[PDB]
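Visitor: Residue strings, one per chain:
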Amino acid sequence: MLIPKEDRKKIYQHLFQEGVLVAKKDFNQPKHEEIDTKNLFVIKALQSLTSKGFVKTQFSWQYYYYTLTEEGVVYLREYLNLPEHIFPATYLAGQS
Amino acid sequence: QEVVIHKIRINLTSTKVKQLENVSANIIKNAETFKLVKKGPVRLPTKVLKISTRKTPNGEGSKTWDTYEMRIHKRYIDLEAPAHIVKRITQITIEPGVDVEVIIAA
Amino acid sequence: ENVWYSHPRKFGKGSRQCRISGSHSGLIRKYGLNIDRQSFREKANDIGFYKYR
Amino acid sequence: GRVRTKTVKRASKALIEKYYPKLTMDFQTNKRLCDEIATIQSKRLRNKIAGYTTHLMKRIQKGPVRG
Amino acid sequence: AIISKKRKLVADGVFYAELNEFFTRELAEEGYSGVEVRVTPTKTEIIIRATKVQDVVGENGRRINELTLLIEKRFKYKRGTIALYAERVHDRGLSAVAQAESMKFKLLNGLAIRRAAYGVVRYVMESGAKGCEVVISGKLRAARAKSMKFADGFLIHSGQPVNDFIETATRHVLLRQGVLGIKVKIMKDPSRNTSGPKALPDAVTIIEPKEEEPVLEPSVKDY
RNA sequence: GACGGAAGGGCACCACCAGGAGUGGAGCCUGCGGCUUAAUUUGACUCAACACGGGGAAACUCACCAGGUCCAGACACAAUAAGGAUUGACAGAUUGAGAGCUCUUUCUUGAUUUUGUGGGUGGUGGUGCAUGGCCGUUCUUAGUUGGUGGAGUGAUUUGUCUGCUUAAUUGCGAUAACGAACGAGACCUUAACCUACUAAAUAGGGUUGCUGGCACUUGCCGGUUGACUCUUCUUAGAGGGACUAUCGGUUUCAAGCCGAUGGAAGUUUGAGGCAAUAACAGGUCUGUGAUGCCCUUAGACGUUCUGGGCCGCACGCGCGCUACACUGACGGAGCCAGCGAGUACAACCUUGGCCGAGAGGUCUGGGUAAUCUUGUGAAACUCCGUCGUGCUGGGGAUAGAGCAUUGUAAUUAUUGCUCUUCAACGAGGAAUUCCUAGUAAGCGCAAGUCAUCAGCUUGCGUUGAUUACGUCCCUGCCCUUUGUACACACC
Ligand SMILES: [Mg+2]
Ligand SMILES: [Mg+2]
Ligand SMILES: [Mg+2]
Ligand SMILES: [Mg+2]
Ligand SMILES: [Mg+2]
Ligand SMILES: [Mg+2]
Ligand SMILES: [Mg+2]
Ligand SMILES: [Mg+2]
Ligand SMILES: [Mg+2]
Ligand SMILES: [Mg+2]
Ligand SMILES: [Mg+2]
Ligand SMILES: [Mg+2]
Ligand SMILES: [Mg+2]
Ligand SMILES: [Mg+2]
Ligand SMILES: [Mg+2]
Ligand SMILES: [Mg+2]
Ligand SMILES: [Mg+2]
Ligand SMILES: [Mg+2]
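Chains as they are written, first to last, in the entry's author numbering: chain K, 1 to 96; chain U, 15 to 120; chain d, 4 to 56; chain R, 2 to 68; chain D, 3 to 225.
In short, the hints are calculated from the structure, not lab data.
A few of these clues could be false.
Restricting the straight-line Cα-Cα distance to at most 20 Å, the calculated cross-link-like pairs of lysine to any residue (SDA-like) are [what the hints assert, rightly or not]:
| # | chain 1 | residue 1 | chain 2 | residue 2 |
| --- | --- | --- | --- | --- |
| 1 | d | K46 | D | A171 |
| 2 | U | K64 | d | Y53 |
| 3 | K | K10 | d | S42 |
| 4 | d | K46 | U | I19 |
| 5 | U | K32 | d | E4 |
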């Protein structure tokens, strides 16, 4: 729960970029893939997010799955300052 | 202008044998229509993958054992051909379940 | 965040985790499956495994 | 313990009922005929049926049988 | 990329299984049944079957895209290399898994269990299956665990006319008083089955004979 | 219905004949005891527990114990609100300790929190009689319904049976039943046959180049990816093939069974896989982010480190292995499989060559695999010599010593080989296990395990018989008839 806030911010940014986050059920792991943060920290953050709505969670097969709801998206926007017409995965980037 | 013979191996691996056979047949037909020198749908020792297990979740009954086996079918299709023709062939020639793989070069 | 929170767990039944439950109990490492056998004996049909003989 | 099952026997009986001609005593022809006329999802079963039909034919040379 | 062929195949199978499990978990509301993986060079197609296809789709690229992203994250592949399609299943009645899911949903919301089972059976029959069977194990009023078998038509228990003929679905249903378990075995009709044999392996059916008139004078018919 | 210390039928090498091979004996290795312990964690207990929990645990495992460490007390509400909420902090003390664990000092740290109150999550904690799921067991026995009919006021029953066959409720026949279904069968995979098809410098075999070795003449035997063609063997693919076939009698010349002939194959062709109806208060909540409830919860049953322990011994029982000799023993020497499985983002299977008596190492490889380890040149077996029925050269058990190797970690030898010590045991009492053909037994190999370990399991070959080819006498079940004051059903 005691998160060096920069790391948390980075995690949030990553989430916003993606629209989706996949976490290992691996505590004791030194560093998560992609983000230069500890898996555990990420998991904690996502748990926190879930506990106040925002994110839908799955524990399936030693893998946590994280999809962001509309309220969640709004909250993320508020956190990051980015205004409107932005990434996640609510709509396609172009023709893909 | 080109036509430089490379000799190309095609791998055909899968489980559902019928599908594999069909694919092989299709490939041979295609080869015939493009008219090439080719070695046939060479078959390898169809590898069984055995996993034998206590049927009991917990080791309290009679000692029932099950061999869960995976039949695998490995096929080599050798072509005396350039690469362009192979590419043309592999534009289609894909059917669900079966693995199409091009080794390329002799 | 503590400095000493890991044993040298390179091998043994510790490092070897299952793909479903994460068990250290009866782990079919064979073929690079890494499953606790019980679960496999339920999912095997989808894993392409069948019993014939 | 090679007692032919109910099913095979029944099939043979049916065959004899519907196609008493075209059952030329010996096995091989009869087998083929069975394969043609009766639809069997197997091969061994078909063979068995053929055998039973042949037996029936042999019997029916040496008198009338019940059913 | 690239391992031993056998090993690769095993891994693929495992992946498929995992995916199936995820879809059972994630797309629970979506009424999911089956996954149909097609792996080609570059673009890997993943077909997904459900009752409520609209839900799966979302509002044009909603849930499906998220799922794709998740898949990518799981198995290292990039955007475009994995494609996901959601489809209508051709009559859900023959499909056991879908039926099981429906039953579970009926249970969870609040309905008569026996009656629900009967309804399901009726639906299956209407669809056109040769027979079907529902088993409901657990507490169905009172503490002692009770099995409840409900069936229609034939149900082949033995033989290779099972792996080819009977779709089986096992589910756990979670309740406040205790966990129910719903098993459902469905007898698909031989003809509509298409894959494998088109009739039951024991059965023998013979056609009707055709009449021919003998003698009528030998005669000659010339051209 | 169940039951009987009732009556008959009828099965079954989990019954017995006729046999074998044995186990209990002996030494050990390994469960289970019973103790004992800091803790020796536990789950089982007739078949249906006891080399089983894939349980061959050096830590991990891990469930146990003695201790340290940590929060992974989500969110909801308040006191601090930076003049400070806060994490750290080498030196040495402190301290199993390059754990600032905490106290000293005095720099940081940046409202994430600190700590309470509502609340939750975690648990190899409990409950398997709250369960699901799976499994086991009745039983892989031959059972089990239902439709229409009959007998019944009914519950029910007949059908499903006096008999004769079958591996079989398998069938024939008798017959208020008739035709049905599930189960048995059929099916399915494999093991067998194809000198007919499909093809193969990844399986093979031929003819000639180059030459290697000869007899010395033409001819042998080779090696060599040279070239060429074939496909017997190898491989699979497609089919076919056996249907008890052909007669011989037997039995109402039914169902079928036995004998000869042919045939690759006449025990359901062998082996399974699947497996009904209902269950058992059978097994697991120690496979689970399968789980109802109860428990606990931050000086924790959550976690994680450090060490031990599950391997203790006065002794019970059950798996096994090795021995008790000349069917030997040890050297030589000959020399033969089949399943297997095996790495690139790593620490695989590892050839081949020098150094080491072994154990092994090293430089180069080849193999993400019919291609390389690999003809896995395995053992058992087959020849000659040496010793010839001595607790002996049978047997290698209690043990000391080095070198290695695995892994941070080997003492409580992990294991390995070498020299040694060289014991119990001269064919195993009462009981009883397993078996009817490539079956029994022997003999290895491989995989599962796995950093390391095999005496264990799965598998696969390799040698390869005795005696039945029956019957209910014993044991267990099964159905009928009988009786019953039992139906939570004789505990
Ligand atoms: Mg059947
Ligand atoms: Mg069967
Ligand atoms: Mg028994
Ligand atoms: Mg050990
Ligand atoms: Mg748990
Ligand atoms: Mg129980
Ligand atoms: Mg009536
Ligand atoms: Mg009756
Ligand atoms: Mg006779
Ligand atoms: Mg059989
Ligand atoms: Mg009990
Ligand atoms: Mg629990
Ligand atoms: Mg133990
Ligand atoms: Mg045992
Ligand atoms: Mg080989
Ligand atoms: Mg001596
Ligand atoms: Mg073992
Ligand atoms: Mg009386």
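Visitor: For every hint, state whether the structure bears it out.
Guide: Going through the hints against the structure:
no., hint, result
1, d:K46 <-> D:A171, "holds, 12 Å"
2, U:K64 <-> d:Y53, "holds, 10 Å"
3, K:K10 <-> d:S42, "violated, 37 Å"
4, d:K46 <-> U:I19, "violated, 46 Å"
5, U:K32 <-> d:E4, "violated, 57 Å"
Violated hints, listed in ascending order, are 3, 4, 5; each of the other numbered hints is respected by the structure.
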